[PDB]
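The block underneath contains the structure these notes are about, expressed in structure tokens.
As you look at this complex, bear in mind that one protein chain is not there, while each of the others sits in place.
In order of appearance the chains are A, B, C, D, E, F and G, and numbering begins at 1 in each one.
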């Protein structure tokens, strides 16, 4: 079974580079990215009239190459997914193909294929081009980016709401005050909506320059209100950046602790000991050959099941973080044990000599 | 009393969703927000001449809907506020309506109603529209946003003052130096005030483009001074963002400690024990039936009052934070108790054997 | 001496509000600030031709008020400075007036006075107006702002140098690449200096708009290089802001420790005990009346001097910060003392019973 | 040998100021920087037609001065490098000149010299001017800046990828939505590529102003999407700045520990003791004069080698950081030793009295 | 509930059981002696804490004006009502002013100076428990502050 | 693998060895007594943990329905398969679902409740080891969960 | 206050009480012996700290030049005036250079090497207390540094 085993190792290597990349395997996915992003750029350059022809001729070849590459990749992935015990046989392959991103990949591939086939309403054939960024969306596994962003945003809700609220009030007030000063002299500030547009464009520091104050009172007001409100309009980015960095540091800290350890190792042992109750040579003796008192071995198995369940729980718990008050707890345990030891000395001295 | 009790539970649910929302109840207030903000937008679009007619016709219906909604909400809130013991009866309702935000709500509602009634000086009727953002102001409970911002600003006063001071000096110097180089060649820099306007607009990185240096000496000076001063003009946002994030992290750690606990639980017990001195079956016996020696029960009550007062204090104290020097304090207590234990052994050995 | 003592208390109140303000006293200096800054603004508005007349007439009255206020303030400060023992008598007043900011104040006052007197080369009389910001410079006590900024900048030198270096390289490269693409089509990019000006104005996100890329290759290059380099041009502000906030947090934690305490209290005691060696009633007895054996009292004084010097050192040391390894040190001391106690028990058991 | 020793001290001073500067020696390299950077500026000003002549005449003299300075510096450095034992003799000098930055310096010097000599295709002679920034590149020792930046970027990969991904999605969506609203009314938004250019220039807050929305629907969409996405486009700078500052604080912390100490001191001692086995007067006695039992001294040396190897290891380990769990470890050691001490008392009491 | 003169005399008679010597003060000796006669066993530090709650002079004694103030006030003050209500709110995560009968029972018998079963039975009987089994503790606080 | 009635009766007979009094419950006394008769020496805290894993009533006992559920289920549930597989993954740094025979041997005999040499020899014999010496532990987990 | 030769001889006679052997040095033995004869009880670590304050040679002794310098200087130096004034400022929160008589009394008798009542009574008598009860401690520092 050397050839079958080498084939299984090759299957596992392909599955690992395709589904769970680490280290060097990334050089594959990066390539795929450079194949998709480039394509997208060309489609944008196809919207310009002066550059439409060249963009179309380049896009044809690029998309044919992309079709071939992604069809081959889908086939190789569906084949290599068989290495896991969950997906084996044609039923296991069908079960693997039932995942949402896999059927999305199939949909996108067959849609692009049928589109180019019908090419042989081309406006719709060009509008179907935007479906390609889904091949970068699939890179985000279970939406980790959205979950990280949502967690950090929810942890800092009060600060963000405060910043946005104060900034909105400052914007309204500054727009009104500049409008009052610029209305008759400057035609840029015809209405209050014009002043609000100027104020928002100024306060985010975009500064288009289509609307500017011309009077000196308006300029002094704008300078003061900009000094006041630009800091409020830039606060959320700083808050979120500091939050992200603090979260990274706090996660890098816990890595050094390595607290979970021992529980995972003990769980495998309790599981093996339970399993071996029903197949070990330790039970294949005349003594154990069950006919007269079956319950004895059943009772021994029941005890191993209870210990297995204790080990599974202790193992699941290890994942949970632990406080820095453990040192106080060890002193409490250590002091109590020692104080009880001096008592046991005291009682024995009082027993013998009295 | 099942129906009265179900009615009281409904009252409490309404009061909780209206005054102390948590979890899903927010989906109500969000709606109110989307009802107010939208209205505000329309009023702004009523200041434009080309879009005035449509904005008015839309605003009429939107404001009628808003009137009905907020009148119903005021009535339901004033009714449901009766669940608390403080507000009960018509006197309790009047006491509830005496809060400042409640009378502000009444004022805004009746003002909008009377305005639309008089509509049936419309410039003033349109200017009264800005009173609607108070219904978002009321969402800030006791001005928590202003207090948080003020606390964090006051904690970092020195850094902010330093940044603003150095930035102001750099601005004055750069404006003067660019003015000297651009005066004769460029008509944008006619006076020193023009140069100061250019310098502020450049240093906050707004960059309108109405004033730019044309000579190469002015451009080199502007590049150098921008490199120098743009960092100073952006410092307050970073300082305040890092301060907010550090405050949030330092608040999360305190929650994990859960130090206050035990004191709140003991306070209820001392209060119940004191209260039950005057109604417990424990005192409804021939023995306690007070006629011959009343002081005995009074003395027992006086002791329970003193213990209640000790428990109330310990309970109030729990709110105060505690230092990380407690571990040293427990070692000091533990060592001292153990060292005293070895002394008590030593004295007894020296007593018996000598 | 009740009136002299009340007068001394008034002197001390004035000196405290003028030189060492705290709490409410700031409402004075703020006023002075609003008196100076306003004046400065008016002088700027005197540089505009259309607003020169009004600015001059307003500035005359404002500067007369300012002259009177600051002359009165100088007199009151020089008088109230007598409360301290260092400055007393006319010699002490002269010693107080020898400080650099005091003579700067005198110079500025007499210069403005003589200028307005000669007003009764007015270009120089208007150019002397910029000397007024020194009255805000004097508010920075011993240049605390410059020292704080320098400390925090020096602590982060490597990061700032890295950011500036990488940003400079990216700027040079992007300017060259955009210049190559825009030279023949766009007249904004006539030379490489033009491209460098465009590149710096783009990369700090000032965006004047006087120079923009017109070709699509230049636009793609500009978008990519902006995405790459704008983060580098904004790094110093974030670095310095996070550094300032971390410094503030680290200074807030030290205050909570309150470690210095006991040393300051003991120093006053050792100083009083030493001083009282030469005046206490404890030494005014027939026994101490020095004639037969003078050295005995001298030896007693020599011991108090040595203890005073020990207390002064321990007092100066308290200012120095302490590490978090003290807990290990107390365990080492506690364990060693206890282990020595069990040895002393062991030796006595072995002595008596053997 | 006093003169040779003074000469060696001068050599060491020159080598220290040139290769390993610290403290005041920096005032040298700063000068070199001001000599190179200035030159670079002039070359840029040589690209302008109006300022070409003056720039050339200034650059000639500046580059001659620079040639002389850097040739003298190369000679002095190659000479002073002889102070180290590694480089001594002409072979040692050749070995010192084999380092990559040294041969780069030689290349740059001889290239500029030969260029100016051939000056006595001048376009290439002017294009060789950009080789001067390598004399600032050489200041970065082994690329510490790139390594620091890469470390901090790699530690925060997830956050940066999340920010860039969400920002890209928001950019695509906002560009599409503004394009749909501005296509027919505004000629700035002719195609979707135009809208993408506007969107990127807006979202980084560069704000050129060449493209702006003219309709009010486009303006409302732009305001909302700017509020949403500007924070995402500014996140990486804040993340990296907070990371850098936290790294600086965490490195400044470990400096206070001074844990490595004792190991370095013991290593020198074990090395001296091993070395002295073969030359100490302690072994130059009739007793040690080796002829009858050589192995005894060899065995003594073998023991010193083993101890030297233990000391070298303990010394190398000190560089590695240590956890904060040491306090738990000392309590474990302290408790165990004390619990064993009470057992030894208990056994002796039970032995004598029983 | 104006404090009457007969009520003052009954407080005086209780005060005199502590201060049997007629010195006008209650120290830890007098307080702790009466308490232990009833079978209580406070510690010295508990007797100091109790006296310190009402000793404004800070000299470690309770005088009759301080004793009378404590006895007249009991828990009727607004500080007591607020703090007791804050203690219940520690155990009200919903924030609706309710606590379960079973949750009240757990906290009363498992934390702090635990109530006996009979004590906690009387406490749950006295609160007008709803049919669900939920207790409105803010009206429970007003009954103890009335 | 529907639980049959004869299988239930065999579980009942084992359950009755613990609950010899016929009270329908297993406490720490009954559990620990049977265990020590076989030469095991659990602690009291270990006997409480074991009972607590299956005691839904929380009164410190195991009744027959809880006993039968544990015996019928063994390790066949999906929670057991996942957690055991997660434990192996702690020691799979590559993330490829493999662990070396020698690394498995080190972990089994050096961590936790160490396996004896003979125990670990039987465990490595039972895993279909590859020729390299690498063990696919996810198929090892399915053999223990079957 | 030029140090005169008779003042030097009186310092020498005190120095010779410590150094009775004529060795020209004071160690912890000589210093501590004279101190305990007067009924003081310094520890060894306190005797080492005292000698270390004036021992420039670092060999654990005081010689006559070091002794004479300490005796001539007392507290008159500017370092002493500044540090003593800094110690008072620890207890001056207002920053006005004042401290209450009652606050000075609390700190002197409750912190550190507490002053006795009679010591602190003499100290408050010696400060020219104002009618309010506030002490200007900076003129108190100059009287001890004069």
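What we mean here is this: a residue touches a chain if its C-beta (ideal position, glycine included) is under 8 Å from a C-beta of that chain, and two chains touch if they have at least 3 such contacts.
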Residue touching the undisplayed chain, where the options are D:89, D:294, D:340 or D:354: D:294
Listed residues D:269, D:332 or D:344, member touching the removed chain: D:269
Touching residue (missing chain; options D:2, D:117, D:121 or D:286): D:2
Option touching the unshown chain, where D:20, D:98 or D:320 are the choices: D:20
Positions on chain D contacted by the hidden chain, ascending: 2, 5, 9, 12-13, 16, 20, 22, 83-85, 260-276, 279-281, 294-296, 298-303, 305-310, 312-313, 315-316
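Just so we're on the same page, only the chains that are shown with their structure count from here on.
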B-D, A-B or A-C - pair sharing over half of the B-C contact pairs: A-B
Separation of mean Cα positions, chain G and chain E [Å, integer]: 53
Chain C, residues touching no fewer than two other chains: 45, 48, 193, 205, 207, 209, 216, 234, 237-238, 241-242, 245-246, 327, 331, 338, 342, 345, 349, 353
Residue numbers of chain G (touch at least two other chains): none
